[PDB]
Every structure is written in structure tokens, then in C-alpha cells.
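Protein chains: 2
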Amino acid sequence: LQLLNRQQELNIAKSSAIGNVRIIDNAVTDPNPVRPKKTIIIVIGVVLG
Amino acid sequence: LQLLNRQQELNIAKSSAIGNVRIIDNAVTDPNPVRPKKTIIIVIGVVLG
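Read top to bottom, the protein sequences are chains A and H.
Under the entry's author numbering, think of the first position of the first sequence as 389, with each following residue one higher.
Under the entry's author numbering, think of the first position of the second sequence as 389, with each following residue one higher.
Think of the hints as simulated: they come from the structure by calculation, not from any bench.
One or more hints might be untrue.
Repeated chains share a single entry, so a pair holds when one copy, or any two copies, can fit it.
What the hints assert, rightly or not - Subject to a maximum C-alpha distance of 25 Å in a straight line, what follows is the list of computed SDA-like cross-link-like pairs (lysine to any residue):
no.: 1; residue 1: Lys402; residue 2: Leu389
no.: 2; residue 1: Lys425; residue 2: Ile412
no.: 3; residue 1: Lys402; residue 2: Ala415
no.: 4; residue 1: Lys426; residue 2: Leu436
no.: 5; residue 1: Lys426; residue 2: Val409
no.: 6; residue 1: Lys426; residue 2: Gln395
no.: 7; residue 1: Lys426; residue 2: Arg410
no.: 8; residue 1: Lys402; residue 2: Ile429
no.: 9; residue 1: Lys402; residue 2: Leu392
no.: 10; residue 1: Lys426; residue 2: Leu389
no.: 11; residue 1: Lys426; residue 2: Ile400
no.: 12; residue 1: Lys426; residue 2: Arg394
no.: 13; residue 1: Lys402; residue 2: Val422
no.: 14; residue 1: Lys402; residue 2: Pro421
no.: 15; residue 1: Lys425; residue 2: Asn399
no.: 16; residue 1: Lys426; residue 2: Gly437
no.: 17; residue 1: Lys402; residue 2: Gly433
no.: 18; residue 1: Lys402; residue 2: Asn420
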């Protein structure tokens with residue numbers, strides 16, 4: 389099974405029509421969390437109450 | 389001799405007739421069943437009652 393997977397990986401590679409890939413921005417983490425959104429949660433709580 | 393050359397050409401063409409179809413992800417089974425959807429069934433039962 390591992391050799392079949394390796395053969396498939398090579399075969400799928402060889403058909404690729406894209407040139408050399410150029411990493412522009414490596415990953416960095418935004419220090420401000422995207423969730424939870426505190427203010428909208430508190431406003432929703434107030435209005436629901 | 390021309391027929392033999394054509395025979396060789398047909399042999400090499402038939403051998404090198406790789407298709408334009410590739411298998412990227414082979415099948416794996418999602419362990420979480422898709423049916424029945426218990427919660428929607430129970431809620432439908434409640435509302436129908």
C-alpha cells in the first residue's frame with residue numbers, strides 16, 4: 389500500500405502544470421484573537437434580556 | 389517493411405496511451421453516520437406533536 393501511495397504521489401506530481409512556487413509571506417499568528425467577539429456577545433446579552 | 393514499421397508505431401502508441409484521469413484521494417469512510425439525523429428528527433417529532 390505504501391508503494392502504491394508513493395507511485396500515485398509521483399504520478400500526480402508529474403502532471404502538475406505549475407512552475408516554481410514562491411513563498412512570499414510565511415505564517416505568523418495574529419496576537420488579537422478572532423473569537424470570541426466580546427462586545428457583540430455582551431450587546432446581544434443586553435438586548436436579549 | 390512499411391507494414392512492420394506501422395506495426396511498431398502502433399505498438400508504441402498503444403503502450404504509451406496513459407489516460408488523463410488521476411486518483412488524488414482514495415476512498416475513506418466517515419465514521420460519523422449521516423443518517424438518521426437524530427436531533428432534527430426529535431425536534432420534528434416535538435413540533436408535530
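### Hint numbers not upheld by this structure, sorted from lowest to highest
Structure breaks hints 2, 5, 6, 7, 8, 10, 11, 12, 13, 14, 15, 17 and 18.
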